[PDB]
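Participant: Listed below, chain by chain, are the residues.
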Amino acid sequence: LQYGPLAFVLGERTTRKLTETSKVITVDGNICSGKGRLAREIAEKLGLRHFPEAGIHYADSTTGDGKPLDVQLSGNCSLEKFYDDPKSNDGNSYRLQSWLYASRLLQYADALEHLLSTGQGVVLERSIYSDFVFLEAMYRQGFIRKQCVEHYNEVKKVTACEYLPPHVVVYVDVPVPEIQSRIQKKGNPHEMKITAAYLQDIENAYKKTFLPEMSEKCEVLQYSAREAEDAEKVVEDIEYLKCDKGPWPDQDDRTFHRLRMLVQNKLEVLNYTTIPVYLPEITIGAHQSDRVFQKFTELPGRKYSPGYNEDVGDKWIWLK
Amino acid sequence: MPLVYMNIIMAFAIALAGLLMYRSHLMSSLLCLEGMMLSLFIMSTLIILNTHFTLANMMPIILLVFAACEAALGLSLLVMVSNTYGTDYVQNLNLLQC
Amino acid sequence: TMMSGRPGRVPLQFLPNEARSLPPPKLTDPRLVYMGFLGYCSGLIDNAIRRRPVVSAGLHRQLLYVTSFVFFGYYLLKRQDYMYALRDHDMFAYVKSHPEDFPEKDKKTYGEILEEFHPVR
Amino acid sequence: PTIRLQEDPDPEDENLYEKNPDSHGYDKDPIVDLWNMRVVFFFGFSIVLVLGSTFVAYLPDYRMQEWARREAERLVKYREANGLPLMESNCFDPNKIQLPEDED
Amino acid sequence: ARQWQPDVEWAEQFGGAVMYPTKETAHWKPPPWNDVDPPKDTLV
Amino acid sequence: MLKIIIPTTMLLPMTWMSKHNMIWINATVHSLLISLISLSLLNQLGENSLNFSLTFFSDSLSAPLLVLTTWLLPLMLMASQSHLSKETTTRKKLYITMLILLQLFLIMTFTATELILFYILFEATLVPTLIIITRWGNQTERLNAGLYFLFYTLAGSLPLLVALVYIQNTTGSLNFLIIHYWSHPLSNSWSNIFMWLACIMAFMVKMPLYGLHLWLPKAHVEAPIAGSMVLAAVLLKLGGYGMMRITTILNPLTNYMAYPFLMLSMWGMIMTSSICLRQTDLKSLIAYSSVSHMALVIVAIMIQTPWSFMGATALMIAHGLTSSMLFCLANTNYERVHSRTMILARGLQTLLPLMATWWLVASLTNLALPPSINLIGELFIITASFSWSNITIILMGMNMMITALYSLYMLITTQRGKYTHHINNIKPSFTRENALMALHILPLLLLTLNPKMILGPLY
Amino acid sequence: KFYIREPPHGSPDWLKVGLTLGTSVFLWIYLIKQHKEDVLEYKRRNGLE
Amino acid sequence: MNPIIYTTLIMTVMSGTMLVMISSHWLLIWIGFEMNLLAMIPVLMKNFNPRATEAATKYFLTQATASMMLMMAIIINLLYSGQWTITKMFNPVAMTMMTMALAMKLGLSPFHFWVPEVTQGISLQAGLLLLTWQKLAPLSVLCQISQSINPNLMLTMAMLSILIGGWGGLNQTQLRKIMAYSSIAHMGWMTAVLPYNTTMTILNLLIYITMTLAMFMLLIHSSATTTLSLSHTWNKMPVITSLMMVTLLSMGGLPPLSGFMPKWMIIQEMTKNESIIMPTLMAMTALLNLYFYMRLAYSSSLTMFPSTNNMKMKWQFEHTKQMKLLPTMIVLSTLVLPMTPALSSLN
Ligand SMILES: CCCCCCCCCCCCCCCCCC(=O)OC[C@H](COP(=O)([O-])OCC(O)COP(=O)([O-])OC[C@@H](COC(=O)CCCCCCCCCCCCCCCCC)OC(=O)CCCCCCCCCCCCCCCCC)OC(=O)CCCCCCCCCCCCCCCCC
Ligand SMILES: CCCCCCCCCCCCCCCCC[C@@H](O)O[C@H](CO[C@H](O)CCCCCCCCCCCCCCC)COP(=O)(O)OCC[N+](C)(C)C
Ligand SMILES: CCCCCCCCCCCCCCCCC[C@@H](O)O[C@H](CO[C@H](O)CCCCCCCCCCCCCCC)COP(=O)(O)OCC[N+](C)(C)C
Ligand SMILES: CCCCCCCC/C=C\CCCCCCCC(=O)O[C@H](COC(=O)CCCCCCC/C=C/CCCCCCCC)COP(=O)(O)OCCN
Ligand SMILES: Nc1ncnc2c1ncn2[C@@H]1O[C@H](COP(=O)(O)OP(=O)(O)O)[C@@H](O)[C@H]1O
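Chains as they are written, first to last, in the authors' numbering: chain w, 36 to 355; chain k, 1 to 98; chain g, 2 to 122; chain e, 51 to 154; chain Q, 34 to 77; chain r, 1 to 459; chain f, 28 to 76; chain i, 1 to 347.
Just chain w, same shape as in the assembly:
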């Protein structure tokens, strides 16, 4: 039976599935750090589910098949164009920022739903609570205007207030010159165009706003490049923590029921992302909207409900 008010009425509760090992873990670091491998190792050692960083096409991997869709149908933005031409006049930078924030919101909703329904913990690679560092980096470098950051702030205020912050925040601290050296050694032709001021602004926003704010609600475990390879040590520090300061121990069964009803039904999760605020970067005309929607509808498995598509081989349609 799909979870709902009736399933909550008799039997199923949420607090009886938490086994003290929920520990929503968020790993944060500057561009081109070891945060991804650290997150994978933490998830493996602690037995939690690893959530890779939400990219442009994260939502494509949750619906239909995992194959990503065309950039025109999903995203309508690219990271390579942002790196090559950050000051473009088509509004690519803020469009990408808003799409990435929405993808991170969807991923956080998915992780919370999994944790509430199963009880096994999740390890994210970046949360919606730390997505604003890139926004501040773009704004300080002149990549985006002020109205874009105002719209982002409005969307964040109306969206992120409905969820619970991660139990413990893990930060990987890497100096800017080391980041530049790793970027140069990596080899991707587009990432070599990332200026030092961008990374410096990212790390300044991190250390000045994100960590001080998270210290008031969670436990922050800052690390370094050298100590980020021995994942056993960080696992021991995580498992020898005192989780008593956040709002998580202050949640009752009704609050968990409301949160579980909210995290599923992703339409309510993404409702406030498309507020009727008309910014030239994100607003799309009626004709292009109609053309792109018609193109999306003609996809092999997107015309009907996920179970009523004869194109992808569904059978017994006339009796479902």
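In short, the hints are calculated from the structure, not lab data. Treat each hint with caution, since some may be false.
[Said to hold, decoys possible] If you only want the chain Q side, here are some residues facing chain i, beta carbon under 10 Å, derived:
| id | residue |
| --- | --- |
| 1 | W43 |
| 2 | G48 |
| 3 | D68 |
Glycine is no exception: its CB is placed at the ideal position from the N, C-alpha and C atoms.
Using the hints provided, position chains k, g, e, Q, r, f and i with the ligands relative to the given structure of chain w.
Facilitator: For chains k, g, e, Q, r, f and i with the ligands alone, kept in the frame of chain w given last:
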């Protein structure tokens, strides 16, 4: 009608006007509602006793019971209003317009 | 309301036994056909809302829609016919019971009725 | 962005004669266009127009105009033979009409 | 060449608290997207 | 007469069940077949009407209108399949559904034997036309036009409903046969005057009258081609049919009450004919010509003589056909040039000779050339008005001159002269447009061969 | 295919399908029987046949 | 709020209105009104915010005042006749007090001021209950005592309600206030025919309830509470927009849609007894309601407003909780005109 009935009716009318005037506070209007209820109770019991309607004697008591509910209800709302504004003033209840 | 208060009226019957003396509507009544059409339209709208192949998503659901609409429509038509028959019966009874208020007037022919003529010019 | 919308450019006119010299102006696909023209011409000019006009031209005389002419000939012949007036002013018999008794 | 469709300028007429804005209602603000006004800094 | 109504309700699902590239063919073929079937109602008794059932009856006035509507639908389908080529299948099917619903409502309107049912369908015709105008128009004014086209109707027709039910509470029935047989004179009183106004104003604004014509130019200009066709050819005749059906009870109050409406109709016919001369747009000229012709029809109905009724019916049919053809001719040029200005594209005779011939024939039939049915109706109305009063001819005569002027003016502005030197995208005329023009024009001559079919019941 | 469980499976929920079909059949036979009884009762009351 | 508490509060509201509608004693009717208000107050505050709190406060104050005057009318009627049965209620003063109290409970003008505000404050689910279910009890009480209703007062209040609803709806951009003003106009329409025939009142109530239900469930399906937010759903669920336009056309009163059936019938019922001016005024005023419905339809489906980029993601997700009775409500709200005579089954 004797003067007692008209005095009770005048008391009810005065309480209704006082409720409808809404000076500054909210507790005053709740007091006006309770006064209207008291006037209704007195009128009803006088009418019942005068005509010797025996079964109707429990009618006023039920009245009083629901009065309490109304009072409780109002007080509850007042508390919330205070917790939102720090003051039970009716001037603050203006977020919604026509 | 005129028929709300009537002697010998059971409150919540919806179909008094006296209504059984009237001919039941035929199963091929056009109003029943329209009720079935309404059920079919409701089923099609249900298919459209859920993003399903509108014409042939669910045959059992559409069949249930049509059957429920026809089932309700049969009894609705029965009650409507009973109510109209009762109104006609009461009107005729009251007309018969008060002959002075509904007199039989004279039957004049147009040869003696004088109607003024209006030329068109 | 010194603009207001992410709008598509306005498309230019599509010419049906570019990819189809004999287009008939019905559709892009030549076969369905040719068949559309054929059915339009057959059911508009051949079936409906000519057959409908020849059916209307030969409708039976239900308006009763030949019958009225024959009746008029018979009545005129009879009335003129007997010397009666060809036409009578009173449409109805005065004997069947009862006027008011007096006008004072 | 194509049928006219509303743009941002045409859409912004339906964005205010009320239509037909007079001087008195010019300072009326539209309600928040979620029907939650920001908490007031009530010094108690 | 369900043999005509049911095939339309079967045209609906077959349109919704057709292939993506075969909707137009099926719709056109079966609409033409339905028109051929409906052509069988022209056999009318000279005594009384054909009463098929308790709800539907056909008279000598209803049959030409039914034939005109059933013939109209295929022409609208043919004219609509040019600007809708880029549309999606679902929206094309929706457009065809609107057209089919409009035809069905018109067919059931023209044959309803009860006045309340006639009102219900005569108002149900509003929804599809409004949807078409406000959804498939081109300019930003269409919405405004739609609003006008709605309210100018409803504010004139809401009182009528009240009058209708009031009549049913007084006479006891609203069936047309009972109404005609049991008709009684109306005394001179304020109550009867307002009853007359309520019964008349809806059909007056549906013609429209000169003072209430402001919605017509907007509706006819901002609508798509099929909307303009259906508005100017059949939707205008609803008011005339309603007045001709409803004037039976209004006597003898009509003779006193018709003076302001007759004066307005005559002077507004003159004014709109004069307005047609100084017009920078092309569709507005045709709209105002329609207004003038409908004002003439209003005069004919108001004077209430058999010759006037015959002329009114003939003029209604002829104007419907001619205005439809003119709107199609203007739409072809609009598709070529993507503008409605009259002086933009000039000298089109040297580039489109056959279209020039079609323009000439349409303009000739617009100015009442003998022996076309346009002149038959116009001359019958003129003779009836002259019998009504010998001075009226002056006004009528004036209109005639002005009419010819503006007609030829248009024919000279768009066809003669030299080309604009900078419009190089005037492709040769397609077969579809020429076929549409021929199917518009040939029935006019075929009818002027046998006019008694379109002269109404007074024949 | 679909990466998700597709709650509407490759086969219909035969319990609900059976319930709906049985409900439709029961309603239809009930309507038939009720109409037969009603016409018989009307004929008996009016004494026609 | 716990689901058990929510469902028991809803059941208590329904029990209160049942007690009102099945009781022959005046005191039991008053008790039912009190129970309905007491159990309805927390339903509005299910989602806690200052706007919901102040909407609940205004609703409670209005309902408490109405109950006070209702009980005073009952006591006066008892004073002038020792009768408790809900009956003719001969006394003019008591009848006037009861009429005013029931008008304020219903929201008729000039007691309409609370209707647009409260609807704005509460959630759509809460709003739907307030506009649809909270009208049965006062209308039932009015129907039972309709024969004693002074026609002048009732007709004046109904005409004022129609005019005020039509004028107020012209200005609002928020959907909830538009729905509230439409509800006020519809209440005026049904209240107008009450002294002449209560069957038409019941029929108009049923059709208005069906139309309002379909409207609100369609608004819940596409979670938009403003005109601009509703202008986006054409890019996500066009079928919802088309159904919404058809429902708005029906609510406007256009034939052959179902919404034309009550008005027409009401007009007919008012013409049987020499009331000509008033129905004409009502029709010409309801033209305003049609106008603002048409404006909403223009903004919603008949045109295509610009959309946003993030809407693309919404293209990949389906609506999870599906309302079962929405298609039936839509069908009964539009295609039910040809079954007009079945209204005879309402008496
Ligand atoms: C008086 C006589 C009868 C007349 C009564 C009225 C008409 C009938 C009753 C109406 C209700 C029934 C159907 C309505 C629900 C259907 C939902 C729908 O959207 O249809 C799409 C659906 C196509 O979808 P699909 O095939 O799944 O794939 C394409 C995707 O859906 C892709 O879909 P998409 O979402 O991507 O497409 C986008 C589109 C999607 O949006 C829509 O398609 C609009 C949906 C219609 C609105 C529903 C209104 C509810 C009913 C009220 C009707 C009012 C009537 C009064 C007159 C006023 C009209 C407003 O949105 C737009 O384009 C926006 C444009 C704005 C236009 C504004 C106009 C909207 C209102 C029009 C209402 C006209 C009346 C309904 C006519 C039928 C329409 C299907 O159409 C159909 O295939 C089914 C149509 C009906 C099938 C009939 C077949 C019967 C059985 C076959 C055999 C026949 C007998 C054999 C025996 C022979 C003896 C051997
Ligand atoms: C506009 C569409 C409305 C549809 C309404 C919902 C339809 C489905 C709901 C199922 C219907 C069953 C409800 C009642 C059945 C059993 C209860 C029965 O005993 O009720 C009795 C009789 O039932 C009801 O009275 C009538 C119910 C019939 C409803 C249909 C009317 C719809 C209006 C006509 C438009 C056509 C709609 C077509 C619908 C498909 C009450 O008699 P009574 O105690 O003496 O009345 C006292 C109050 N009065 C006198 C003032 C009225
Ligand atoms: C391109 C080249 C052009 C030039 C070449 C032309 C070649 C020669 C062709 C010219 C022919 C000369 C015409 C001479 C007239 C002959 C035909 C005429 O005499 O027939 C008429 C017949 O005319 C028809 O009646 C015309 C009927 C009109 C058809 C209606 C149009 C079809 C419907 C399509 C939809 C239109 C909608 C309109 C709404 C009403 C006479 O009718 P009538 O003398 O009395 O009855 C005769 C039969 N009776 C005596 C047994 C009774
Ligand atoms: C495009 C906009 C056009 C607007 C046109 C609207 C005007 C229509 C004309 C008036 C309509 C209302 C008339 C009422 C309907 C007829 C019913 C009837 O005849 O009953 C009369 C009642 O007549 C009336 O009450 C009419 C009152 C009018 C009130 C509304 C006035 C509307 C505006 C008045 C001027 C409109 C006329 C000219 C308008 C021209 C267009 C601009 C008889 O009363 P009884 O009860 O039978 O008693 C008599 C025996 N003792
Ligand atoms: N909100 C954002 N704005 C712009 N770019 C972002 C944003 N979020 C993530 N990215 C991009 O995602 C890329 C990959 O992230 P990163 O952790 O630095 O590399 P890796 O996956 O190898 O650890 C980075 O180049 C970063 O710029």
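Participant: If a hint holds in the structure, say so; if it does not, say that too.
Facilitator: Hint check results:
no.: 1; hint: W43; in the structure: holds, 8 Å
no.: 2; hint: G48; in the structure: holds, 6 Å
no.: 3; hint: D68; in the structure: holds, 5 Å
Every hint, counting from the list given before, is met by this structure.
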